[PDB]
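J.: What follows is each chain in one-letter form.
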Amino acid sequence: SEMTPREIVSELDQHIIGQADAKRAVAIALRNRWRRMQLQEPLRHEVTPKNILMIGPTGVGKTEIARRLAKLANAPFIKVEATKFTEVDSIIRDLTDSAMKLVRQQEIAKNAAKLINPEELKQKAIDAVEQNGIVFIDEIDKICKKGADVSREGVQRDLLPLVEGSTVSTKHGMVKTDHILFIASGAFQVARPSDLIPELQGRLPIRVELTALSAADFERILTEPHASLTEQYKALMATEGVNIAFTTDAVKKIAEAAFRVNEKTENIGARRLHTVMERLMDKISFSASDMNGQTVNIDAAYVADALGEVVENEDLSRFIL
Amino acid sequence: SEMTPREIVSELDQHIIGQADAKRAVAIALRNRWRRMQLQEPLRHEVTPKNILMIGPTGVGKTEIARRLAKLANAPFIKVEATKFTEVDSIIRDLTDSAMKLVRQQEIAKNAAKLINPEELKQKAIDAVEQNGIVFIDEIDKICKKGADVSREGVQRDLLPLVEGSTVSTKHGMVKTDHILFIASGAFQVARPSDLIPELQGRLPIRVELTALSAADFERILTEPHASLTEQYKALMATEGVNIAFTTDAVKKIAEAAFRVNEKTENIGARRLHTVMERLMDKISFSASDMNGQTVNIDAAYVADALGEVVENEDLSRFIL
Amino acid sequence: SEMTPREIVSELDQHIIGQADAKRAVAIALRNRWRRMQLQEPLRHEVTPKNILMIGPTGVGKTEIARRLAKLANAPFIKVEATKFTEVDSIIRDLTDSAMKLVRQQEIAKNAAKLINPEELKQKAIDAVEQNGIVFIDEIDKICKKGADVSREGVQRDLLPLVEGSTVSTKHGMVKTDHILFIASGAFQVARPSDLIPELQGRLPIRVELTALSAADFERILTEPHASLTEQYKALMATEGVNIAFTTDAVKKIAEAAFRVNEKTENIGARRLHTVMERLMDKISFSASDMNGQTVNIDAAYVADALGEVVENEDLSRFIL
Amino acid sequence: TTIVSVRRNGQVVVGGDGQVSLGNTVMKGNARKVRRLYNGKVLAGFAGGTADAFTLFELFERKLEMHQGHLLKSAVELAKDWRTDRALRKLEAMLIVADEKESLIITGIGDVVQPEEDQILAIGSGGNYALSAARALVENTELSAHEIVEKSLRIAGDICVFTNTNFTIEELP
Amino acid sequence: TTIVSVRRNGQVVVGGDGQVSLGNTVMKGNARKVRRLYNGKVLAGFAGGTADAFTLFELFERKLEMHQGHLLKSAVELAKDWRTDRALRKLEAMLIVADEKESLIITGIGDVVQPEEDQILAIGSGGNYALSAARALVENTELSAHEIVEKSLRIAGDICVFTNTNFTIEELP
Ligand SMILES: Nc1ncnc2c1ncn2[C@@H]1O[C@H](COP(=O)(O)OP(=O)(O)OP(=O)(O)O)[C@@H](O)[C@H]1O
Ligand SMILES: Nc1ncnc2c1ncn2[C@@H]1O[C@H](COP(=O)(O)OP(=O)(O)OP(=O)(O)O)[C@@H](O)[C@H]1O
Ligand SMILES: Nc1ncnc2c1ncn2[C@@H]1O[C@H](COP(=O)(O)OP(=O)(O)OP(=O)(O)O)[C@@H](O)[C@H]1O
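Residue numbers (UniProt numbering), protein chains in the order written: chain A, 2 to 87, 95 to 119, 231 to 265, 270 to 444; chain B, 2 to 87, 95 to 119, 231 to 265, 270 to 444; chain C, 2 to 87, 95 to 119, 231 to 265, 270 to 444; chain D, 2 to 174; chain E, 2 to 174.
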């Protein structure tokens, strides 16, 4: 009737490289969803989600894991920056709209048309929300005490109700946040998770840690994932009629490069690959049109060249005596 | 026609461990509700609720007691953080939405259906609020004088009308807070209750104190309550086809542990059990799927193992000289 | 056609103990209402209310006197904290909703049901307001100059129009505050009434002082008033089938005690009686249910016991050297 | 100045001279350095710089007004407005306050001090003079509180070049 | 003042004199410079200017209240309110704090200090005197913590013109 722990991890492995503990965590979570709802009724209601706190550096998968988790569970999803409130019920309100498109468009697949029947369409979306909704609160470490420190510490108190389970009204009816699964992420460079208000620190039982991505990790992210960056360009140039191929040493070089700047400057995780990939597919991307039939063979020499030279900073001088 | 003091406390004992003074307090409160409404008419109006101020540490039952009180009295309920206002009439407005839904629940259940009658229902729901509504103001000790101390001290003055009895308009009509029963809770570590404004300190006659939860208390919370944590996992693993059992010494060990961290670090009350319970049911929770038919016997050794090691802090060094 | 000065004071004597000057004041006020409206027409309009400034300590009757004055005059009433504005026209807007309900109440008190006609019902309430409406501004001494002292000093300027007579629109039509009778109250511990802005200090002609309540006064408030605290409990316990009786010395003891704490700690006036009364009717209040038929005889010994011990402060030590 | 207070036989007396001195010159000699507060049920005498002395006094008064005249609590409440994050502002002045029940000495940086067993308090440049004379009389005679105050004040005005003999004495029935 | 603390045999004692000295004169001799905090499970003794000493004390208390009385964490938490961008305000006072488990010395500019091996701490003008006396006794006798405290206090009151002999000693069972 529904995937299983190992089953789900396998699905996520098709889009995220590494980050196992993380994968596992959200897996057993989506699973407890099917476990409950199998229970009689007294317990059916009593048992609640074991919310998750993902703690990892910038762009290492925290979001894709959650976005994909929701995708493969075909569940209403929504991501919000925690600092966005420095109206909180909007989070649920929005999550519900997502459930209309997901239910509407999804029941349109059941069947110029018409059964439609809205007082039931709504009642059905509102269920999807109350039943398998998923909220992702990003950079929650940004609202930790560390001043207007109360402005942020306030945001925590404002999230409680949703997390602690309450009700909020949407243009489709009343929804309960009692069974919404929450996932908060944070880098926690300066603040520790134990710096959150207790009321909240306890509603986030599961703490899982994500690792920083390495050159070697990029190398795989670059080619393994379904619709990796290389798989995408190949596909795009294909349309202009150009056939492209990345040698292994190329891929290795592209990653060594992304990682390199990430270290030397502001580390922005995997995003850095989109950066370098675009700086490289640069020339071809343009000329590709009137270059039909040809085939570009991107090797290490190519990449080295197309990337030019990238900086190992001169904070030096200027500010130093 | 309605429960009695001892009758209600017995009902609460089914969900909350300990905290007697507290249970008694709310019981005689919900009772005075049936006592009045039995009186003629002059006094019927003159007699008002004897509001409660619960004073106890974090997560020791203050809220469950109130939420359950309302549940067993099938009364409109609403919880709010006091700091949430550092529009107050929203509190009543929201309490009424809860009621409309709570009464409309009786109609579409006592009759492809139609009785509705707008004018009918609305009146009856509004009565449910004015008659047996319950408001729960959380962490009110947070708005005590202790700077922008007037911003909070202001919140007290803003709550008066409700507490002192007044009228506010809802999308269902006009409601009177004259007979709404209020219950404020606070930890009062720094502030004393006598730090509230008199006008308010006198509208909170009943002061009841709740105790901090002990290892021994956890032991009971772990197994006694209807749908305790252990009862829940047992039920959950049952679905994957796994039969689980906690030896007494296990339970004792799990609680000794929760309590232990609660003491050594930030004490978050009972919540700590969901924390430790999730860290223990960890491994099983995942493999339970392809582990059908087996039966895990969780004894002391298991728990001691599954919990690993939990820290007795190094504030040490770093900041000390 | 309407009560008279002595007539009205007698009615107030049935609910408030003491505070004569105060009673007299509001009496001649409600009377001047009947006096005008007897006048021809030129003067009928020219003569205006002689507003009242009540000056007395916390909970000594300031509000009850006004709330009862309005009650026995069956007049639209409204109480507001002056600091509530640190939209003022809401005050009138709210006063009108009150009258609209107090008047819907009559065209319905008379013999489906279409003895309505809104157009004329509105004009009916709207007159009730313009004619005998009563506004009670509480703790006005809080908005006196004494910093953001202009934020409050501003509130005075904002009230002028209403007091000085102007027009404000309500969802029922236009109403004039020209003949609304205003009663402001204040303790004035730090501020003097002459600290209000002149424009306003002259619109509050009548200054009347209320006294602090004494042990002896409490003794009476405890038993005399219609629906006193003792009359109330007697009534409530009656429902559980318990018959209760207070001996004179009991009542004397209860008061002596309320007064006692009021003196030793924060003096909160008469409210203190609800406090002590609830602490005494404590045990009974619960057990009363399964105590049917019995009869509790509350004497001095009982009171002395049930009240336990109440503190004569240790500001001592801790802060003194 | 010299402000001294003796409490003996259910009597509390606070007294002081009247010499306002600017530099080494004398501006006023009939100054009233002791006054009555909260409906004359509490005495207050003040030493230190004039203005501050006055602001420190007017401050204690508003406190007294807000606390039903509880001498002890008012003192602490006031002290606590210095002993916090947001300073109040250091005042160069001291007060000796007393009511039927207590005698207290309050300062402008917030700290209330109780007398020693003898119940004698004195402040001002000529404080110790009056204090010494007062301790002597209280320990060796049956003189009333009032007399000892009057007597010590003079013994002090005679030694201190900033204290004169024009006294203002107040006692508490 | 002179505040000293010795810890020996599962016993922790904190003691100090009682001389409040204004200038080179003495205002009070029976002052209690050591008090109990957090439901009497922790001792605190303070030297430095009176007021500051008190605010420094009342501050540590609020902290102790917010952290289940963890002496060490409370100290650090309080220190960190000086060691930041937005200063707290320099206080001219030191505290010696101790509970069953730890002994610590906290100052008003934020910095917690631990004792040396011998577990002896002393502060105040007469500090080192008590400290010297105490080290001597702890290293050469079997005297109890209490006795050594009492003993050193006097040896110091005898050398310091600001420390008297009226002591207030508190020990922790
Ligand atoms: N481990 C990974 N495997 C595959 N793709 C990844 C991985 N980490 C990041 N990516 C890709 O890089 C981007 C990472 O952004 P994402 O928002 O998922 O990271 P994050 O850790 O949540 O960052 P934030 O600090 O914004 O939460 C996405 O486009 C994702 O597809
Ligand atoms: N005595 C108890 N018996 C049973 N369960 C308890 C008890 N105390 C707490 N719990 C459980 O632990 C949690 C305590 O949260 P709750 O809000 O009731 O505590 P609280 O003390 O009111 O906290 P707050 O500081 O938010 O007022 C609830 O999930 C409740 O189920
Ligand atoms: N003199 C009195 N006689 C009878 N009952 C009184 C008297 N004074 C107070 N009460 C009762 O005690 C309470 C006093 O509240 P009230 O609103 O009259 O106080 P107040 O003097 O207006 O204070 P504030 O305006 O500062 O809130 C009311 O419930 C009233 O019934």
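Any given hint might turn out to be false.
Rough simulated footprint, nothing fancy, chain A against chain B, three-plus residues with beta-carbon under 8 Å [to be verified]:
{"no.": "1", "stretch": "345-356"}
{"no.": "2", "stretch": "366-379"}
Listed next, the in silico SDA-like pairs over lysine to any residue satisfying Cα-Cα at most 25 Å (straight line) [stated by the list, open to error]:
{"no.": "3", "chain 1": "D", "residue 1": "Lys91", "chain 2": "C", "residue 2": "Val313"}
{"no.": "4", "chain 1": "B", "residue 1": "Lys264", "chain 2": "C", "residue 2": "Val313"}
{"no.": "5", "chain 1": "B", "residue 1": "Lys357", "chain 2": "A", "residue 2": "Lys241"}
{"no.": "6", "chain 1": "C", "residue 1": "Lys406", "chain 2": "B", "residue 2": "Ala361"}
{"no.": "7", "chain 1": "B", "residue 1": "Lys261", "chain 2": "D", "residue 2": "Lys91"}
{"no.": "8", "chain 1": "B", "residue 1": "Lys51", "chain 2": "C", "residue 2": "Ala117"}
{"no.": "9", "chain 1": "D", "residue 1": "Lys81", "chain 2": "C", "residue 2": "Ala271"}
{"no.": "10", "chain 1": "B", "residue 1": "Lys299", "chain 2": "C", "residue 2": "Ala117"}
{"no.": "11", "chain 1": "C", "residue 1": "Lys241", "chain 2": "B", "residue 2": "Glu238"}
{"no.": "12", "chain 1": "C", "residue 1": "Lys72", "chain 2": "B", "residue 2": "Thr290"}
{"no.": "13", "chain 1": "B", "residue 1": "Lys51", "chain 2": "A", "residue 2": "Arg330"}
{"no.": "14", "chain 1": "B", "residue 1": "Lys357", "chain 2": "A", "residue 2": "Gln250"}
{"no.": "15", "chain 1": "D", "residue 1": "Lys74", "chain 2": "C", "residue 2": "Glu437"}
{"no.": "16", "chain 1": "E", "residue 1": "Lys81", "chain 2": "B", "residue 2": "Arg69"}
{"no.": "17", "chain 1": "C", "residue 1": "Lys72", "chain 2": "B", "residue 2": "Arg69"}
{"no.": "18", "chain 1": "B", "residue 1": "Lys265", "chain 2": "C", "residue 2": "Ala117"}
{"no.": "19", "chain 1": "A", "residue 1": "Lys241", "chain 2": "B", "residue 2": "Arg101"}
{"no.": "20", "chain 1": "B", "residue 1": "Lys299", "chain 2": "B", "residue 2": "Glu249"}
{"no.": "21", "chain 1": "B", "residue 1": "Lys264", "chain 2": "C", "residue 2": "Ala117"}
FYI, nobody ran anything at the bench for these hints, they're computed from the structure. Beta carbons: idealized from backbone N, C-alpha and C, even for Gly.
J.: Against each hint, give a clear statement of whether it holds in the structure.
T.: Hints, one by one, checked against the model:
{"no.": "1", "hint": "345-356", "in the structure": "holds (count 4)"}
{"no.": "2", "hint": "366-379", "in the structure": "violated (count 0)"}
{"no.": "3", "hint": "D:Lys91 with C:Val313", "in the structure": "23 Å, holds"}
{"no.": "4", "hint": "B:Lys264 with C:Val313", "in the structure": "19 Å, holds"}
{"no.": "5", "hint": "B:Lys357 with A:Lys241", "in the structure": "35 Å, violated"}
{"no.": "6", "hint": "C:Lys406 with B:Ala361", "in the structure": "46 Å, violated"}
{"no.": "7", "hint": "B:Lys261 with D:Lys91", "in the structure": "30 Å, violated"}
{"no.": "8", "hint": "B:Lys51 with C:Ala117", "in the structure": "32 Å, violated"}
{"no.": "9", "hint": "D:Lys81 with C:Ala271", "in the structure": "23 Å, holds"}
{"no.": "10", "hint": "B:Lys299 with C:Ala117", "in the structure": "21 Å, holds"}
{"no.": "11", "hint": "C:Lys241 with B:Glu238", "in the structure": "20 Å, holds"}
{"no.": "12", "hint": "C:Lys72 with B:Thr290", "in the structure": "16 Å, holds"}
{"no.": "13", "hint": "B:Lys51 with A:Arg330", "in the structure": "43 Å, violated"}
{"no.": "14", "hint": "B:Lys357 with A:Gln250", "in the structure": "22 Å, holds"}
{"no.": "15", "hint": "D:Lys74 with C:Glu437", "in the structure": "9 Å, holds"}
{"no.": "16", "hint": "E:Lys81 with B:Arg69", "in the structure": "42 Å, violated"}
{"no.": "17", "hint": "C:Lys72 with B:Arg69", "in the structure": "38 Å, violated"}
{"no.": "18", "hint": "B:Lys265 with C:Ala117", "in the structure": "52 Å, violated"}
{"no.": "19", "hint": "A:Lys241 with B:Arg101", "in the structure": "24 Å, holds"}
{"no.": "20", "hint": "B:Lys299 with B:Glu249", "in the structure": "6 Å, holds"}
{"no.": "21", "hint": "B:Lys264 with C:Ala117", "in the structure": "48 Å, violated"}
In this structure, the earlier hints numbered 2, 5, 6, 7, 8, 13, 16, 17, 18, 21 are contradicted, and the remaining ones agree with it.
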